[PDB]
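Next up: a single chain in structure tokens, the form deposited without ligand JG8.
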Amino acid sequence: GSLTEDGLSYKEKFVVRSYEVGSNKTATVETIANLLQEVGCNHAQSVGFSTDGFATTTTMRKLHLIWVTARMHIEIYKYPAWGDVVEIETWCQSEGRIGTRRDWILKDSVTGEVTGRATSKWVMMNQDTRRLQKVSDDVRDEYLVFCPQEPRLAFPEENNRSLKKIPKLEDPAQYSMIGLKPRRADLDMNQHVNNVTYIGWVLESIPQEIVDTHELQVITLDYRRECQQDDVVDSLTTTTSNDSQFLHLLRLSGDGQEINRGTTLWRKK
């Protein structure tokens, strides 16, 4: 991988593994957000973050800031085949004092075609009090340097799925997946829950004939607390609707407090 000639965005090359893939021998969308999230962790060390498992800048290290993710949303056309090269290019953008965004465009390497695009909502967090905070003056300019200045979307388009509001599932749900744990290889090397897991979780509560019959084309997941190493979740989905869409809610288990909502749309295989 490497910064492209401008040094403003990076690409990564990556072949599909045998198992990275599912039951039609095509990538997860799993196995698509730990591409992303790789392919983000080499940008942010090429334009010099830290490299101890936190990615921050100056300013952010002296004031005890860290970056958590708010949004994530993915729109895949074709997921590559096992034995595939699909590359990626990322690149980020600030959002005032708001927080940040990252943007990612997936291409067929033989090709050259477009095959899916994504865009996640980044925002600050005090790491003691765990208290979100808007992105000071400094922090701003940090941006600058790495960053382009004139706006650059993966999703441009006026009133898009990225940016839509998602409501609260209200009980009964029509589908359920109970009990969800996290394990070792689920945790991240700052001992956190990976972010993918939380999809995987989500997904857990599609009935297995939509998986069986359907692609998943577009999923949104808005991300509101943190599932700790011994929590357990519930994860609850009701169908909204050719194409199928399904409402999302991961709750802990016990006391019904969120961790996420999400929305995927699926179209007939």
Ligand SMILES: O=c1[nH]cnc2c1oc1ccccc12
Second form
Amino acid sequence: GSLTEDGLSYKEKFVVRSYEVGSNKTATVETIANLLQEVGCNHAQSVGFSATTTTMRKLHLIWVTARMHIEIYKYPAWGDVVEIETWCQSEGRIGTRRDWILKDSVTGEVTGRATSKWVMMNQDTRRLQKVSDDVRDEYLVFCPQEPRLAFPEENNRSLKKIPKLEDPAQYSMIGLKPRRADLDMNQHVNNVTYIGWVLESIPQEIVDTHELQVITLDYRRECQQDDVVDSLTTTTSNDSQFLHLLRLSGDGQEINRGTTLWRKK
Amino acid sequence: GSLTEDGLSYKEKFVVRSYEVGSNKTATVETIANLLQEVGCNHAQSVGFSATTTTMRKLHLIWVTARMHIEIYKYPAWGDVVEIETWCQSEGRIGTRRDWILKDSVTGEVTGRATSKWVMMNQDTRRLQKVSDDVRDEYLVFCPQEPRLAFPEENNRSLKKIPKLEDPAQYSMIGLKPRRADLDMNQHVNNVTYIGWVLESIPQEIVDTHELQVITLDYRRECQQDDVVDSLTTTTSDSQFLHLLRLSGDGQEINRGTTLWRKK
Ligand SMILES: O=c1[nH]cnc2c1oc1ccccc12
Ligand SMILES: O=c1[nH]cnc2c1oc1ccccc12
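Requested next: the structure of the form solved in complex with ligand JG8 (the form deposited without ligand JG8 having been shown above).
Every component of the complex follows; first up is the chain already shown.
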């Protein structure tokens, strides 16, 4: 992996692994999301982070995901080389955005694109806050100044408001718990695990006859290591659309809400 | 990755990923086991198994894991390059063995080693079988003829008999279920998931103050996509544990194992 010529974006190539593919012998959406996370981390390392800046570590502040949106046109086959380009952009005092473009290394064609919204949070109190001027100046030297968006369209799916699923759900997967492989180096549940949990309530027949085209996921609250989650899905629709909800099994506290779009194979 | 000069073994380099490491910022044993599985698949592809042979496909036969044994001296740090060398060997009519050596790419030192025993099984009836002469002949052209073992020591840990844990267990993690990420391309539970499930019943204080040195795992029966598993552990002692995975309902054994941990 390496920063591009202008140093305002980062590229990395990955060879799709045998354990990373599903029944179609192509990468799962969770493998894609793990690769996006990996190239994001390698971008942050290449410009001097550890994604906390000097001022963020001084004030016990971190970046947390608020939303992840992914659109896949072609999932890379086992043994294929996929090239991912990533960049960051400041969105004023609201937060930051990380975008990705996925390409087939052999053809050079765009096979996927993703965008994520990040908010500032105090590590200890867990209180969200706006971005300060000092933090904005610190990361503007690593971001393109003119807008560069993976989803530029006028009324694009990445910015749509997602409603709350009403009980009873059409489908459900109950009692989901994270194991040690689901945790990151800081012992927090990996963001990709939540995508897997959302997909658990999609019926097997949809997975067997459809390919996932779009997934938009809102992150409201974290799942702790000893928490238990319920995954809920309701069909909202050639294409199939679903409305999703992750909540704690006990009190029913919302942790995530989302939507998926699937196309018939 | 590539086959070595003599074509009797295969080497591949891997850069340890951010999501592949634990709290110590080094690779987890599950990341290591996934890498061993990946280099094993790439070895099989390089010698034309695109690991069923021509005779095995005609006879509806497959190789299934009976035992996995792994010993780690140093877990590679995040960003490090680890080089893994793998080879296969026929063990007469019993089955086959796949061995691995893990090295630090920078120093060239051995940081780990692993060995696995594979048995022949009919994919439909699930009945274990001895290896036929035609299959053994087809495998011998890709395996070293003289013995080459990752664990050569006479009377070593990789071949020890493992006893069955007696109830009550000291520790337990109940109601474990596989999700779609736990399945392979054939919709069967990945062998590495069982290692994670065994480790779930180890208390957090052991994980926080010790590093896993050795894991020996016996595979008795498969966990189906809709099965639920209970993970049981009892201290037998360095810290040593005896492990058991069984179905939550009838208590049918799926795995048994042992782990050895060193104080950090
Ligand atoms: O270390 C953390 N403190 C507080 N909140 C979080 C921390 O790591 C996270 C990872 C994902 C989401 C929230 C958090
Ligand atoms: O296709 C299979 N049939 C029967 N037993 C197994 C099959 O795939 C497996 C993968 C791992 C372990 C057992 C099996």
